[PDB]
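> Here is what each chain is made of, one letter per residue.
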Amino acid sequence: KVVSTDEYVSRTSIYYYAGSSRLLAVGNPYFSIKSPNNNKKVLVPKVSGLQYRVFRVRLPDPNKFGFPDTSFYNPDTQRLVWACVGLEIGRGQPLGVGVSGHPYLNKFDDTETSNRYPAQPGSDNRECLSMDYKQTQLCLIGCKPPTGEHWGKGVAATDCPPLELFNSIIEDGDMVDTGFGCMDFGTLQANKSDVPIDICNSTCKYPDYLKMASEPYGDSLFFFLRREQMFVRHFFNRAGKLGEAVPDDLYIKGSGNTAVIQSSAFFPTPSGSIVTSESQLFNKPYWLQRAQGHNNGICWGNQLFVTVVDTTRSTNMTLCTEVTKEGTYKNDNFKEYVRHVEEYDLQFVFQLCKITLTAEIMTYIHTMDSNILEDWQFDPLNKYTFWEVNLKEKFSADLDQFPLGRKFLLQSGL
Amino acid sequence: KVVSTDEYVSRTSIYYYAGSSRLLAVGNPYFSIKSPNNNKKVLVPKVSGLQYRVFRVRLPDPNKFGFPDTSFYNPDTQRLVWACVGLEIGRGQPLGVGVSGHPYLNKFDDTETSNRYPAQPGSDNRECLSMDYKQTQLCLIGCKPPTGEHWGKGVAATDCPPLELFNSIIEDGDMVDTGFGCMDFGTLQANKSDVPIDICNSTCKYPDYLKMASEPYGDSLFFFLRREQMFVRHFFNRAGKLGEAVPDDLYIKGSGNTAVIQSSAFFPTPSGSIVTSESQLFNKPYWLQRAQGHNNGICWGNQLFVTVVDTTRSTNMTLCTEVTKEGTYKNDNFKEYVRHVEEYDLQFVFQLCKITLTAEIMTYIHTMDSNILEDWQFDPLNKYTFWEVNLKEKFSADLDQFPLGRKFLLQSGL
Amino acid sequence: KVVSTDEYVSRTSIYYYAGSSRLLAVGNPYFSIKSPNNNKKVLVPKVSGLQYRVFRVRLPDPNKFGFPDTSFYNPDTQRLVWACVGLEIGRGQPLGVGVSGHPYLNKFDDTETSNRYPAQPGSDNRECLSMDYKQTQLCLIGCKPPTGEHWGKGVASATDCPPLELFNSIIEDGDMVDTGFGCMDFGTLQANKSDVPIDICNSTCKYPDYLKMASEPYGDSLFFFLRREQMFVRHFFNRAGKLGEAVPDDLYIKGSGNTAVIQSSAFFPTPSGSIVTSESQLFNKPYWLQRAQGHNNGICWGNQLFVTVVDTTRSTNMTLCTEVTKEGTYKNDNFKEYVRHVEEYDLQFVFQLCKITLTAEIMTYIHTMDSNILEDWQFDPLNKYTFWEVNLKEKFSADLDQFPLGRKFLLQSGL
Amino acid sequence: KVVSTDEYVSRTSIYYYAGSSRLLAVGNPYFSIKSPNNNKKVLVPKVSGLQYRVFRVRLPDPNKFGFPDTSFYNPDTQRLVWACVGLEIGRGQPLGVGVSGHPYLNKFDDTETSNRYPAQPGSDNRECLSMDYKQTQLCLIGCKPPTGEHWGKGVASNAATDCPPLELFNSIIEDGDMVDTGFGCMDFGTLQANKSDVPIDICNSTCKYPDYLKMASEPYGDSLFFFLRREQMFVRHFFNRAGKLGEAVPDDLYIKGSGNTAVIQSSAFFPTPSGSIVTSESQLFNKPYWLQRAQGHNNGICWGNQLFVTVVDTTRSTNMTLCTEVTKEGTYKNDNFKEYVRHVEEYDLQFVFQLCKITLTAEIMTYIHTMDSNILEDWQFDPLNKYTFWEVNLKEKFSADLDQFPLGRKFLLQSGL
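Residue numbers (full-length UniProt numbering), protein chains in the order written: chain A, 46 to 200, 207 to 429, 464 to 499; chain B, 46 to 201, 208 to 429, 464 to 499; chain C, 46 to 202, 208 to 429, 464 to 499; chain D, 46 to 203, 207 to 429, 464 to 499.
Since the hints were derived computationally from the structure, they do not count as laboratory data.
Please note that a few of the clues may not be correct.
[To be verified] In silico SDA-like pairs for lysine to any residue, Cα to Cα no more than 20 Å straight-line:
(1) B:492 <-> A:274
(2) B:179 <-> B:327
(3) A:376 <-> D:299
Starting from the given sequences, assemble the full structure and let the hints guide the process.
And the structure:
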């Protein structure tokens with residue numbers, strides 16, 4: 046049914062470089078700040094190292110592109126399309142680790158060494174704690190937005212909410228899993244206090260690698276890299292009513308001080324250990340020679356999708372303003388703010404391709420995607470939020486005038 | 046006596062892909078919840094990352110399979126059987142570490158730095174503690190269920212129970228070793244308080260690699276991988292009567308505060324350190340080219356057994372329901388639950404094989420297993470618990486339409 | 046427009062070694078000590094392992110150099126220039142890690158395990174704490190001073211949070227490298243002078259703008275570079291003072307009683323940089339500049355060179371103690387405590403002599419690239469910056485086998 | 046000027062093995078013990094894993110050696126000299142880490158997490174602490190004693209500091225000198241007058257670090273025929289010093305406090321190092337080194353019929369605890385026992401030498417004379467005694483039967499003979 050793109054897409058000797066300039070995002074790493082009384086316009090966006098970066102790269106239409114010589118193909122029976130052969134995801138900020146927390150984190154006791162009896166929380170025993178998240182690096186490249194998975198509230208001896216595994220398109224700004232799982236914390240944790248504030252009212256998504264790899268045409272994952280790591284830093288338990296009590300066959304009942312059983316609703320705090328330059332996935336070129344899927348880097352629709360997660364540059368800068376100048380230090384004389392920045396530099400090398408439009412090939416392309424033939428003269466993604474990267478006026482045939490272009494000339498022997 | 050399967054099983058050029066869709070398991074990581082009152086129906090199963098996953102894959106009978114052309118073998122003197130040549134164990138959920146504990150853990154004093162004399166009074170000094178288990182990855186593939194070992198109570208100046216090393220069939224759901232050894236904690240630890248609740252009334256089994264490797268025909272281990280790691284996090288001692296006192300020649304008797312000797316029954320807490328993508332054993336293809344045993348991947352009985360242990364995705368999700376909504380936080384207004392999930396996607400590539408049934412080969416096969424000849428027209466495993474994976478209607482000759490199939494075509498050069 | 050130097054610069058078989066003597070820097074790792082008078086003359090300089098070392102190496106003019114035989118080129122139509130083909134940055138002193146701190150560090154509570162309610166802050170809750178910084182090794186070699194980036198207070202436009215602007219600047223000798231708190235201007239963005247230790251609290255931390263220096267057309271900044279950074283979070287603290295941006299109400303349920311007053315969610319972590327090893331050392335080993343990724347393949351225009359070095363793996367701070375009053379018993383007031391830091395460098399170079407035929411086309415290319423190249427050849465603005473001047477005009481020798489890096493080059497090239 | 050020894054030293058096919066027996070050093074790891082007839086005679090020496098081991102290996106004169114056949118060279122116009130081609134530094138005892146401390150360590154507060162105001166008064170707030178030092182492995186081989194560097198008290202100009213002037217000193221590393229421990233290579237006896245800023249085994253000693261740059265840049269290359277090194281350490285804890293802060297923090301770096309924070313605390317921080325972990329995989333010893341081609345001009349030629357092997361190995365620094373019973377009683381009493389600390393070191397040096405001959409032409413005689421006149425004078429054609471070395475006399479340890487020894491068999495397999 047499905048065939049490789051190498052069987053009906055003819056490669057040419059024409060190569061072009063396309064590089065977006067430096068992309069910056071500066072905001073509050075924990076929450077967005079909206080402008081009153083607008084209650085809809087955001088003045089300071091939420092920019093965190095635990096966010097997905099979904100770049101929608103817009104490519105110019107090669108069939109309407111101003112080539113200096115068009116004698117390499119026949120516009121009467123052939124159409125053109127771009128193919129991605131070189132890619133480098135540039136990262137500018139220094140290596141570092143940021144922290145996230147909650148002023149009312151639902152932590153009762155440290156259950157690691159000493160947690161004797163008796164013990165029973167009051168009505169409000171939340172604490173102001175912080176932690177460092179699981180370290181995650183990943184990059185996905187394709188002509189279709191990636192598909193992610195997360196657990197949500199689904200649809207009786209227990210009052211535990213039913214869990215359902217949901218698939219969704221990963222949009223720019225979505226939170227990645229931090230060590231507490233890939234779930235909808237806003238709907239599955241009603242107290243808003245079990246995880247830090249930057250995810251407590253958000254949904255953490257993990258890329259559904261199995262689904263995106265098992266799709267027939269392979270438009271989602273041309274190529275991908277991933278490096279995750281975490282360990283358990285501390286051991287705590289939850290405050291509140293234990294919904295599922297420990298059955299009687301797992302322990303001998305106590306008495307006296309041990310008469311009232313303590314909450315066995317444990318939860319750990321993660322830590323993505325150390326970050327190193329040696330483990331970096333970025334600032335290095337990737338050559339997309341042969342993809343594992345059937346689509347070998349063909350950018351249908353003249354568009355591209357680059358998904359990036361990089362927690363190795365999650366440093367949160369502390370800013371402090373002086374409200375009142377005095378000869379001695381007073382806490383009420385200063386205001387503290389927290390800001391986070393992200394610096395990207397996407398570099399691409401594209402290969403021009405031609406497709407002879409036979410009746411058989413037109414049938415295959417129509418069954419694959421009718422919009423491909425319609426646009427060739429022979464939209465639903467706007468409801469999602471992406472980082473638009475317009476490279477329509479960024480294409481250049483002079484490869485040796487750019488870093489990735491020179492690297493491509495050395496790699497291919499040109 | 047025993048000969049390699051390569052000497053009497055003829056390989057063909059026919060290959061088939063078989064793919065197990067997405068498999069999900071959701072439950073309580075510490076204990077199962079049954080129906081009140083039924084004591085036989087289970088509403089919430091026990092699903093933990095420390096459990097064995099024993100998949101019993103059912104293969105279609107090749108002698109009754111609808112092949113498009115059967116001119117490659119002679120059904121009068123030859124029989125068909127499947128051989129496993131390609132395998133990929135798909136893993137979905139993100140990497141993470143979960144914790145387990147006991148609200149009445151038999152911990153007395155922290156014996157790491159400071160434990161002065163005299164010793165804490167009382168009859169019940171158990172504490173509510175938690176820990177992270179030893180990290181264990183392993184996968185076993187074979188046509189016979191795996192054999193595991195565990196220490197249990199045997200029959201016989209100590210009242211210590213006699214220890215006996217037991218072999219048993221590893222069933223789906225059996226607990227793997229967690230750092231406290233592979234033993235029957237339910238029978239050898241009567242107080243139900245020496246290990247956390249998810250193993251305190253269960254049996255931890257470790258694969259008897261030596262027995263399965265030394266078996267004559269080699270039906271258990273076509274291929275296997277393993278990666279274990281742990282270290283000692285904390286040092287504690289047990290409360291209660293020390294059954295075996297330290298002899299007098301190992302210490303000088305004390306006086307005053309040190310008049311009554313403390314319990315020297317020490318025990319450590321493990322810690323499966325850190326998880327990384329670089330150390331993953333799964334989500335990568337295994338090519339069964341030449342097995343170390345005499346069975347070179349022949350799936351006798353048209354069945355298969357895939358055993359998997361993966362604690363690198365043992366994250367326990369915290370769920371929280373709001374029973375009463377109020378303007379201020381109160382602990383009694385919420386219920387806390389703990390859930391764990393597992394996502395698998397088994398992918399197989401099989402090679403069709405033929406066996407010419409000569410008098411010598413029929414005698415050899417009968418001495419190996421009479422049921423092979425009886426079923427060929429020329464049951465006792467139902468008492469055990471396995472995860473049935475029915476692939477009778479999942480075979481396809483179009484390898485390039487699936488991920489593992491494309492990987493297999495690149496590997497073999499076809 | 047721009048072409049590689051291999052197309053218009055001809056390589057010769059003449060090689061020269063250049064070796065700097067022993068380079069030492071001794072001072073206070075936290076701050077410089079000036080003279081009671083002028084307040085501008087420095088008695089004790091600031092020498093810290095977290096500082097950039099930007100060596101401006103002066104090379105002798107090859108067009109005015111005394112060669113024993115000048116029959117290899119024609120001065121009427123050709124000019125000479127040096128090309129760097131071998132380099133080894135020698136580093137002295139043992140491996141070690143130093144620490145920096147603040148006697149009035151703005152730390153309130155330890156937010157890692159236990160920070161229960163309620164919280165009653167004061168007016169001055171600063172503490173005397175210390176830490177060890179992020180570990181950073183790097184070396185940049187080029188004929189142009191390096192370009193670094195840092196965040197400073199810009200102008201723009208609401209909330210009273212200061213606007214952030216990304217600034218580029220020339221990395222000068224003595225500038226502070228990022229320590230785990232980011233590359234920012236702490237003097238202007240942290241007014242209380244107490245959020246980071248004293249050695250950076252009134253300074254600017256700069257990070258090399260690798261992207262800008264790599265994307266420049268001629269590639270004069272980065273002939274070659276190495277880098278190794280590492281750090282992890284050691285402790286978790288929170289800030290004292292008014293929280294400028296309060297946590298929105300949709301992220302938590304309000305408390306009551308002891309939990310009525312919310313605690314400060316202005317967290318900040320402490321870096322560490324784990325461990326240093328000899329196996330991870332970037333220095334004391336030769337680098338051979340065979341083919342650069344940029345268009346400039348190691349040509350040292352202007353007869354000068356720039357070597358940028360950061361090495362926190364030798365940041366040990368020596369403790370000195372003087373006895374003011376000698377007594378039979380120990381008294382704290384009888385001694386004075388000092389802190390000193392040292393740095394030992396030994397730069398070694400191997401240069402290859404090159405010739406350039408000055409045709410009308412090549413003269414136009416060089417003029418559009420840099421007119422000062424043609425002007426000096428007979429055919464300054466960097467003085468406002470601070471560099472470590474390394475004068476090698478009288479250090480060139482054609483006898484390569486008489487020096488360590490020269491011998492290593494002779495084995496490498498097969499000469 | 047300088048030429049390689051391969052250009053004027055002719056190699057022969059004669060090889061000899063020389064192996065020293067088991068070398069042991071047992072003593073107190075923290076300080077030396079004198080005795081009666083004191084301050085001159087030492088009963089218990091200072092033996093610590095943080096010490097340099099500088100072996101001065103004495104070789105027999107090949108020109109006076111009893112060879113079975115002397116027809117391979119002409120004694121009228123040629124002279125003989127040994128060349129080191131094989132070496133194995135054997136190390137005994139198990140791997141382990143020892144600790145050092147000070148009963149009056151100048152520690153004030155733990156400045157890692159909590160150090161609130163105000164600060165404890167006190168005239169003597171020293172504490173009895175210990176630590177594990179930076180891990181260091183190294184071995185240097187040459188025909189000249191090694192040159193080390195250390196910071197000492199210099200000479201100033203008697207402008208507004210009382211800080212002692214620092215001077216970088218070079219010196220010959222003697223057997224028993226202390227290696228750097230993570231506090232730097234300095235003279236703690238002269239630069240730290242209170243004798244309480246570093247543990248007792250270095251507080252009155254000088255820590256030396258090998259001046260690799262000086263020994264590598266020397267013309268003839270007699271110091272470093274070959275060398276290995278592996279150092280590692282990290283910061284375990286954070287403390288600050290007690291006493292008057294000599295250099296106060298300038299006013300532009302902080303806002304002054306008031307009340308509890310009125311008196312500023314000492315910002316004289318110091319960390320404690322910790323040479324992390326030891327492994328067999330990271331061992332430099334118990335393995336053969338083949339000195340085929342040195343980076344210097346001297347290709348392993350043992351001028352003067354002597355050799356220098358410098359070794360530092362902190363991977364076997366375990367300090368054994370000994371306990372004697374002075375009074376036997378039925379119950380434990382602290383005053384009934386005496387506690388001692390001892391440290392041991394076990395070495396086994398193995399060598400494979402190649403016999404060499406040098407034809408003494410007028411040009412070669414001039415080159416050798418300008419290099420070292422004593423070479424020609426001894427050939428018939464002292465100042466190192468003021469230093470302390472571990473003499474390894476191999477004059478009666480040479481054997482021509484290589485296959486009768488471990489390193490000899492390893493050398494025969496390596497060279498294909």
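> Look at each hint and say if it fits the structure.
Going down the list of hints, with the structure as the test:
no. : hint            : result
1   : B:492 <-> A:274 : holds, 14 Å
2   : B:179 <-> B:327 : holds, 15 Å
3   : A:376 <-> D:299 : holds, 15 Å
Of the numbered hints listed earlier, not one is contradicted by the structure.
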